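Given as structure tokens, the chain that follows is alone and in the form deposited in one PDB entry.
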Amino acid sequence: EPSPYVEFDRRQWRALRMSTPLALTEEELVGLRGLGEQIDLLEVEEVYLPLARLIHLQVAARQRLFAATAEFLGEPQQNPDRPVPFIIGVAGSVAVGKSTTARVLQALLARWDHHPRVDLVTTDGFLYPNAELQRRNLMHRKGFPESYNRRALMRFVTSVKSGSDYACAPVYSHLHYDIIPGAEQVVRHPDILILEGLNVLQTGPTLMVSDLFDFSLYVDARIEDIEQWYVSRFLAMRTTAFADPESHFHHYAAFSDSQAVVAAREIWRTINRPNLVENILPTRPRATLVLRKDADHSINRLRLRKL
């Protein structure tokens, strides 16, 4: 009974680092870490660095493939100041640390030998604005597939991978809880685009951004642990984000420990968890690499797709 997958533990996996340089200081690592995330240089060393190696092995390999098609079409051939952008998806639950995995990966990859333009975009920017969600009645399904402008998102990534000189994404503000009027993120023919979001690995009756990925990561953990991380970060944000008077959730700053646990649980129960079960987890099987975290946020197992 064979498998498209091979499973590792951290021991097996860290061996695959080989010679790979560590280009990141502890101060630099700190600026990439999100609230509640526990990544240290050791984890960067034994987990992210084999990963960065595998990826770099594959950027080269994946180029041969667009070369083959261009050759077939009798095409000019790729000027090497402009190869076909490598697209990396990063998926998983709210509160699972996608954010941190993606910023760390971006950092590691920009410190490779040409200094590649490595852009990072979250699908937050492609949420429908609140007014448009209100109209669709989805103000309580923010993060579900249908709360996104998937067409706009597909246009964006398609534009980039097809060699456009610039592409624009809108920009979301967690604080204001909405898309920002007039804000844009401009991506300019990067060598590597990392696209980070809940649902980026979804599939469906139309071509989607998952179909454009040259590599993808799914950041995994036990559902009970992720709820714990989510509730616990909710309590912590009473004195970071919710403390701001502009915070859309400023009213939560005052809640007691237990009032807050109640609130955070009800949101996990009504939104983030059903989304995780119904939409996100069903995409796990396609990910090139699943990074399984233990209750302490520590990546301890990995599942690679060999097929």
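Residue numbers count along the first chain shown, from 1. If you superpose the two forms and keep the largest set of C-alpha atoms that fall within 1.5 Å, you have the rigid core. First, how it differs from the form deposited in another entry.
- Rigid-core fit between these two forms: of 164, 149, 228, 78, the one residue whose Cα shifts 2 angstroms or more is 78.
- In this overlay on the rigid core, residue 62 has a C-alpha that sits 2 Å or more away from its partner position between these two forms.
- When the rigid core is held fixed, the Cα atom of residue 39 travels 2 angstroms or more between these two forms.
- Relative to the superposed rigid core, residue 29 undergoes a CA displacement of at least 2 Å between these two forms.
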The other form holds:
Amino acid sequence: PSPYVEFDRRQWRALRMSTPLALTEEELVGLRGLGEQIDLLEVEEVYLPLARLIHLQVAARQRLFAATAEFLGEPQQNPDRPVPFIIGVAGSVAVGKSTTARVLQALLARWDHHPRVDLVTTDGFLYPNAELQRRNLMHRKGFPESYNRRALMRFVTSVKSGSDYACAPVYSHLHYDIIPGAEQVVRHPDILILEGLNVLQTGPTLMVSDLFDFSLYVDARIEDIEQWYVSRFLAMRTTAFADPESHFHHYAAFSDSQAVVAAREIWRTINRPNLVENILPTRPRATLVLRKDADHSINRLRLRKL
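Having seen the form deposited in one PDB entry, can you show the form deposited in another entry?
One chain, no partners, no other molecules: that is all that follows.
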């Protein structure tokens, strides 16, 4: 006996679930352009059933807010509306957290109950490169210490406080660094999805995940993720690395053969270690685990028993 219900892909299909609520095919157009390669059978069969499920919990939280407010007899100090409902998404680099997030943000916003869904990445809570160097941390971008954990805690606290706005820094993926003076403003949305490698990580402190209301871990075999990371690296020669402005411009010129070697090395020495030591252990802390096959389709869902 486990604290999770487990459904393989066959079983999850083989239900028997409530709504049509099916997708408008004007919305399926908007859904294609959240690149990389968005499978639409994935959305219909997995992410929409998932979104409905999460809506159940967001709705339950909303009613419970109201029932409690009513029991307390709407006192001054009680807030007027439920505080944002925060979802965490965790997983290895290159597992597709970002895609998973953008898809859930688009689906969950379809309900009248909670139409304002914000998405923030913890990438903005990285120390700037300058500070990273200063701490011997350039080879460890994405490990726990490479984030300003205090600032990140302040951000989420403030959001969960129900404050009017909350500012986050913005990480530029092209420049591989924080953007000086850039800020993402967050104004008490109904849901906030928080995406990052570190969002389910433990701490002697209070940690951000104490402020979640739901969390996903996006899981895959480690071999499989390596393969995605390599294919991604080679593809970046055309785009990120192509700009002569990039610090990683010199990778643009590597042949396929040599780029594979370079990818696999960066994998082995930064991300794979980060995954095993720090990311994988936070997996059993997620409300829902999604295991993806080698070709990106979800082959197993684990869901905490309610």
